[PDB]
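Coming up is one lone chain in structure tokens, specifically the form deposited in one PDB entry.
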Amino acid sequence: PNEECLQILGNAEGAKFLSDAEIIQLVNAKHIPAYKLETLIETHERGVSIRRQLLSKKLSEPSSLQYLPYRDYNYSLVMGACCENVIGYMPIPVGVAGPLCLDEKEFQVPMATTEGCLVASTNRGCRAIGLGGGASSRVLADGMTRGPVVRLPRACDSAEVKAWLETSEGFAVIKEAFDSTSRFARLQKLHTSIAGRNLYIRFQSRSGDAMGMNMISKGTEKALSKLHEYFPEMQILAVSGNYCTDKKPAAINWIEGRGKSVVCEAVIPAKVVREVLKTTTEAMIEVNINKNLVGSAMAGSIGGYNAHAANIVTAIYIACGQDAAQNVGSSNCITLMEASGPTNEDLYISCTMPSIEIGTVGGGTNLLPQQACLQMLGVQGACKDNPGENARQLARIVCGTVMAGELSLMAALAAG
């Protein structure tokens, strides 16, 4: 009825003795507040069921959520960690491009997308590479960043703090405070910029196999606590002052790197360019120069000297539990093509991606389906013997798959 239901709710034995309708009655009349539903209802799926039911009555079409699935999904690894106000899950089709012949190994790359032909095209690119003797890649740099903004009374004071951070002694003190927060914390050279009394400080460090935002933030907050002891008039405006730079386009990531900086390359014989890619080396180069270099230049691109790196980065990231919003900066790529061999008929190809933001532990990689795709690549979880090696390998795979994707689309655009 209503009164009886509240007696049963407050009875230490609880909400599981009420029906869905009785609980909703109690919400509509203002006896139980919308937010408290999380702790009161026992099972996670039943919490989702009720939130959906409440939501449906507020929609102009109450049957809207019919085909949004929710049942029998492991919400235990999601509640309090990955999502709030959960009403179900969104299934994204997963496909496989491979084998990807990279650094003398073969990889079957999972790709989550709803764009027709993207996987097939990426697959034909892998085929060209494989018959061409495989690709090779190198991690050139490694370190996630966080770029807080502090304010001092005057610009002369901000300059003083900058000079202090650049002394051997001052940096060593900040480094100890940063490095004390974690096993993996290992602060690299600080990069700083002034704008008046503003001072942007870019902390960079490895972070084992995790993407590292949480870890770099704990090291950063304690590093600024130490800096405040030497400069007590300094104010910390924001733990992020956009100098990182995270999830926005920025030259600083392209130039300094962020996360993993990777280069990949292959040489495709003329015969493979002809039979797999249906074009010539000469035609490919002409398209690459005038589209990926000259065209991006006329559009005023910073870091966007590629055909569709973002397609590959986004499909792999969604499949592999990465933060897909980091496609903004992680897609940064320059794709170069030149003639190779004795008569300039073989295609040399390289992709350079200075800011791959990636990890195999933490965040979405804690969910089991996301982990199935990480296991396909042999990169799931933390590498105990060699910390960071799995995330490094996953970066290489992304760069190699991007190259495969650049090969195929460019050959398609070359013919017509």
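We call the rigid core the largest set of C-alpha positions that still match within 1.5 Å between the two forms. Residue numbers count along the first chain shown, from 1. What changes on going to the form deposited in another entry:
- The one residue among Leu368, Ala29, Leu68, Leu55 whose Cα position changes by 2 Å or more between the two forms, with the core held fixed by superposition, is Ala29.
- The rigid-core alignment places the CA of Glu45 less than 2 Å apart between the two forms.
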Given for the second form:
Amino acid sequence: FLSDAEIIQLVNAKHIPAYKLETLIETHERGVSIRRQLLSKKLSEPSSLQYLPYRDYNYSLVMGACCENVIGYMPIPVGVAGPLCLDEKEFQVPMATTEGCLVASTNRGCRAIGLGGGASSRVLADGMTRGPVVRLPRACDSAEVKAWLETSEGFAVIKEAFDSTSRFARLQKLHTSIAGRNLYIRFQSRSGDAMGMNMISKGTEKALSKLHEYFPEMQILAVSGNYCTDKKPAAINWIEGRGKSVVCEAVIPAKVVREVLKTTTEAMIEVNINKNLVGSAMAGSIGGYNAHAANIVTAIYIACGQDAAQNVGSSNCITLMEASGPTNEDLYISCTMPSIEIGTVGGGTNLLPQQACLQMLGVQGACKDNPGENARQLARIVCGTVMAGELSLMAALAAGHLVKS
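Just the form deposited in one PDB entry so far, so send over the form deposited in another entry.
No partner chains or extra molecules come along with it, only the chain itself.
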């Protein structure tokens, strides 16, 4: 029972620190209203928040979970590309973006796939990772810890501790690397339908404390020593995989290439080899042998409540194209994405709008009866949509249509 003004006067005098507003204020929306008012007086243009919406949005799912010092929300247009004829099913793919032509392009690639009998995909691997950096007094000591971790006995004991932290966290393997007295241990584990970063970090924490029982001299320098690797480009993710590794493929009949894509199979292939393979090689790329996988990955991620910062590594992709058919005029295309970091429960997937987009795809929440299937399905959809996107952009580049917008 106070006025917005009084609460403001109460905060200005170091008493309630801006970020603690919802802790005291009744309405979540009012707490946001008040923070915007404090913010106004610190801006060279006080009315700069006028166009930033905040009213009538469910903050209950956000506060204490997805964002701090909330001042509103940012609307990102959502378009739909589809149907994506994938694995004998049809999907309507939601895409959150502000880049014109991206939805139209992806939709067109979907069209060429649908008229071609559809695409097929497979999940090759599933395991989120965490790569802590640990340190022993000497390299001879860290060497000893690596050999121990490499024994079936050592692996058994740390797996017991890792798995003891969650019903869904199942340690699959360990990849260890030495740098003198430093030891990088790459923990790889299943995580149900969650992307798993949190669950994996906890497992690593418990597993490391257990390892410490056997080697008291070991110093745990950081639970993440950048050997995961999370949100930074790294050859290890490309070569070893991280999260879901998947492959997609489709054959686009010669006539579909000409009618829908406005180009030829031979042109498509020539551009692919010389842009996505040779071009990427000349640029010194590790994992970027594709046209614009990141665009598709980013749009689906924002629409489906994923962690968009993970587009850095989730975008890794190699797109291949070759002649197919009795006459060799049809287009075979494949996209291989070894490190899709994705999930359908927790984080932003907890928010209603993002859940709507996930429901649209039929992968919302946990898959009881088959843990991880909702996340694996979303990964396949991502890989398939990337392929649809690749098909369209490559067709435009081959035809000299990138100009069109």
